[PDB]
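The chain below stands alone, shown as structure tokens; this is the form deposited without its partner chain.
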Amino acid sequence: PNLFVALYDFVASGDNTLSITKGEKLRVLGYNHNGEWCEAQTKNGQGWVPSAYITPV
């Protein structure tokens, strides 16, 4: 039941990216082609975040 946590703050930059805070929880829907970006949902919204900035809880 695939819940995750943010390892660092990430400030939204480009096209359909989402801001996240260190230690907040999110839900993963998927990945991009090469797998460096992850599409996620939080209490603020939905959007792209770096794959390297998150981990399971």
Contents of the next structure:
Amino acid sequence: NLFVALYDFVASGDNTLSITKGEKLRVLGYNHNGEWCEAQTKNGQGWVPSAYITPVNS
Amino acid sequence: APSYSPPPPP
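The form solved in complex with its partner chain, contrasted with the form deposited without its partner chain above:
The complete assembly is shown below, putting the previous chain first.
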């Protein structure tokens, strides 16, 4: 469950989390439709787009 | 999670 951000995403409220391209993140789970996933980084925790991340070392 | 759509990859 260790992942890397592919693109920049800026948080928009509703418990979303900003992520920076190249940042590593731990994934805690997904929403009903897979589109959003709950991450933790060095800057905090929150929802990020699933399509914006990929596993490390694959 | 948010009810709205996430933004498309840039």
